[PDB]
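Undergrad: The chain contents come next:
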Amino acid sequence: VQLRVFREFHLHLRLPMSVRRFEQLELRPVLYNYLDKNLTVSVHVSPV
Amino acid sequence: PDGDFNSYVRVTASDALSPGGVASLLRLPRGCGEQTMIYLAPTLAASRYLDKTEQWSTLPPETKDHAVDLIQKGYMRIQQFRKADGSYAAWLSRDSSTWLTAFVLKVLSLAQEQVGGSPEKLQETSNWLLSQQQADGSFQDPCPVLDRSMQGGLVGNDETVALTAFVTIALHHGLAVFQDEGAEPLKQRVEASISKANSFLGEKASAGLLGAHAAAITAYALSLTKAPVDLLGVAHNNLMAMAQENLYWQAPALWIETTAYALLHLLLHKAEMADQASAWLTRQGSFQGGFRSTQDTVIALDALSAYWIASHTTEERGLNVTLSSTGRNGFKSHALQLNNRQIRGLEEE
Amino acid sequence: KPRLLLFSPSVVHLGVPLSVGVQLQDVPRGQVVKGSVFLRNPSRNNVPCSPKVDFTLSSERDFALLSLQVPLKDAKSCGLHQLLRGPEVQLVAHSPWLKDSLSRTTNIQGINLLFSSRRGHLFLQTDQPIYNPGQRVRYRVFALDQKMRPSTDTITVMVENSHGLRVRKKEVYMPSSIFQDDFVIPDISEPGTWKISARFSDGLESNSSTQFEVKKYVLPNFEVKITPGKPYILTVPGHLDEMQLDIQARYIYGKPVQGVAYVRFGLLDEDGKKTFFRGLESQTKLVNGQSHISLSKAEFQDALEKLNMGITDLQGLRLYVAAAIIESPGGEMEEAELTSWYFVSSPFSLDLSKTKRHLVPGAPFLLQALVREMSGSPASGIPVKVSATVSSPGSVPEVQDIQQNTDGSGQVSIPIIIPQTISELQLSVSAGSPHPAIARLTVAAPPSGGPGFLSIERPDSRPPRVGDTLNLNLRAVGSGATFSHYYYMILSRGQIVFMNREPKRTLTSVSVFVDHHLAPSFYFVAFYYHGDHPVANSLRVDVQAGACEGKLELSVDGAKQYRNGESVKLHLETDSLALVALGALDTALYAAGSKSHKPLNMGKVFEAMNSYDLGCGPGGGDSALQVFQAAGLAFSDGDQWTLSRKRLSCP
Ligand SMILES: *[C@@H]1O[C@H](CO)[C@@H](O)[C@H](O)[C@H]1NC(C)=O
Ligand SMILES: *[C@@H]1O[C@H](CO)[C@@H](O)[C@H](O)[C@H]1NC(C)=O
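Chains as they are written, first to last, in PDB author numbering: chain A, 825 to 872; chain B, 970 to 984, 994 to 1223, 1227 to 1230, 1256 to 1275, 1278 to 1357; chain C, 20 to 670.
Chain A on its own, in the form it takes in the complex:
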């Protein structure tokens, strides 16, 4: 039984398998906007 899930507006984040410590990397989360209305959002990463 195929059972698909959807959000119509979501964040997709794909981290690598592993990263050496002290080595700079770049995160590229992508916003998907499948709604019918042009939007505007603010994106930030929670410090830790």
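None of these hints come from the bench; they were simulated from the model.
Possibly wrong hints are sitting among the right ones.
Covered by chain C, according to a simulated footprint, are these stretches of chain B (three or more residues, beta-carbon under 8 Å) [as the list claims (entries may be wrong)]:
#, segment
1, 974-984
2, 1041-1049
3, 1317-1331
4, 1348-1356
We put the beta carbon where it would ideally sit given N, CA and C, even for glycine.
Starting from the structure of chain A, add chains B and C with the ligands where the hints point.
TA: Structure of chains B and C with the ligands alone, referenced to chain A:
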């Protein structure tokens, strides 16, 4: 220093006679006390050869029961020719013969696995055989067999030594069917008699100048009956010194009989040497209507069955490995074993 | 003249009952026979290691189907496992009537069977198809017997490494016919394919296996699929067709993908050597998630000439196309490859495996063919032309031409007529036009002077479903009408199932109810006695694959769309109390996996059930013994018998 340590061990292990010809020997015994043996001996030899070689799958199951009933009738055939002391002469009125009693004893002993006959009757036959022993362990035949061409290689330069060896062979064959309890003096005297006979055979073999067939049967009798080290060694050395050359020795029945006896003796003792003898024997037996005399049939069939059962047997080919080491985690030793493990060359990690 | 028949499967599986059918032929009405039947080892001694089963026969009841157990304990007792060469056991039917009536040499009649050790079915399942190194693996194994019911026997699972080394072994005592277990892949495991096996403890050769690939991966976001316009390319010297492809990119949740597709072309040989064209590459955007590309004939020929090659060399080579699309503006890239675009000289195919061989003379010969597209679904409406030459029966050979269009699933049944006294038949089949697919078949007629022939006609040439009756028309051709009954039997999954007796009329019709214990195929063997000789014929019927014995419908009523965290109502329904083994799997795993790894569906179950069969070929034989041997029987009446199987697999 703050790394992760892992260890892995992996142990990779890297690894006959045609049924129709032998089947034709099944013939219903008929005739006098000698003709019944004439018919039965190749028949029982053929039954045993097929039975041990597992060639029944090439014949209908009705053949097996027919052979069983035939052998039962043949065994019952000589029960009316038995004398008072189990002499088993050619006739009730005629006198007995040592070779005839030996042959009857051997056949009855070899045919006791299918039908249960009273061993107490076989005790009297063994007793009669013992009663004719001489001072040095030899035996004398009161009357020669009526048919001389069926006796095989017994006739020749020497006859007494071969007759004694054959009688000892028959006694050893009948020794297995002896009851595990009762008649203790009987078995003790049988052991003493056979030991004396092996001593005599070893002395004669050391003396040498014996016939080829006689030397072969004496060597086989010594090897089978647990001869002493010196006598067995000298007999074996005498036998191998007369080996000829895959061709070994339409061949005469004497050649077939001596080759079969040598093959059986050597198998009792198999590396690049029995193969040529077995191949020559099989080629000789491939002749249409081959194995003329009864003795050659019996001995060749027994030798070929023994060779087949010895050659086709396999080996376990097991393996065991144990690792022991000392570390901060106390002490621990670890054992792993591969084997056939239902998979040729099992590999473990 | 009186005879006692004896039928049994060719191969015995130890620990599973044997279906032995006995029959009495040409017996006076006043004779009633009674006896016993048992197995027997010929070598060790006549020690029957099987419970003797009695049978009573008479004129009114001249046949009886007995079930003969072969327990493991007795079979081990007789030394059947101590045999050196040849796993062969004998079956014997002993009755005092034989000696009393026929005055036979001995009252033992039987066959030389060939035992085996397979028994029951085992099915293995894993958590997911492809695993990351250092990730837990959960597997469960179900155990069933040959009757397809749950079993409580004891199995011994074992895992294997990619190199082939054993890694873990266990033994279980199932009370519920399911065994679940977990194990961890070592973190440093190299990429490869691991295998999990499971066999019955007693049965050495009753193993069953599953595979799962181990590979370092990150689960993808979208899947790329390349679809050729046609699954073949015509390299016939007359013309070369167009080469066109459609590449589609689709997110896992359904929405299309916006991005740029970069495609490269090349040649690829069956060995595995790829030769790319330094050129001919395509870089096109994706509209609605699909991009249409094609290779023109002129540019393809130019590329071929630049490679120092001609179009004649494209015999076994295939065009290999690789694509690596880049999503925009996400930036993620995914790759796809095609390795199934063969170069062919004919756009169709022919499968004459359904056609019988050495069929009887005097009755129509049905040629059955399955026209199928080159790497595709079976065709329909494609004309098939058959040229059948009936070779010299005493005069010059005569040819016939018959044309018929395939109906559905490619099946075509062309009834070429054959006269009596035929010598041989030569068949030239051509499917489609232009560029036809040509096949040939030669059939040799049976030797003359036979006691007759039996013709089994099937009015309907379509696979019966389950629960539908099947009608076959028996007829006797070229024989004397001295008998009174036709004797027929059914053989499904290697065991005799049915055995009956139909009276003889003009065009006798037999009806067999296709039950649930006959799937997925069965053999219909019928025969009759023309004096003192058997005349037999056989036939194979493939029951159409459909529903189960029971049922299980997992249905979620509503739309496919959902939202994360939602509650979903899952309904399960059966016909009795059952242990439903559930599992929900992501779909991006299939995209991640390099190679397809199909799950356990009804096809695998059907293959498992019929893998125990002993039948071989589509049926038919030159004599009765050949027919029975092809079917998988062991016949012995007293004058004829079938030689033992040489190996488990048919030639
Ligand atoms: C959203 O953006 C587009 C340009 O990307 C602009 O033309 C449009 O007016 C905006 N609003 C919509 C689509 O409702
Ligand atoms: C069972 O094991 C044998 C080797 O013993 C193997 O060849 C065979 O393919 C296995 N059967 C399966 C996996 O169904």
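Undergrad: State for each hint whether it applies.
TA: Each hint tested on the structure:
no.	hint	verdict
1	974-984	holds (count 4)
2	1041-1049	holds (count 5)
3	1317-1331	holds (count 3)
4	1348-1356	holds (count 4)
When the structure is compared with the earlier hints, no violation turns up for any of them.
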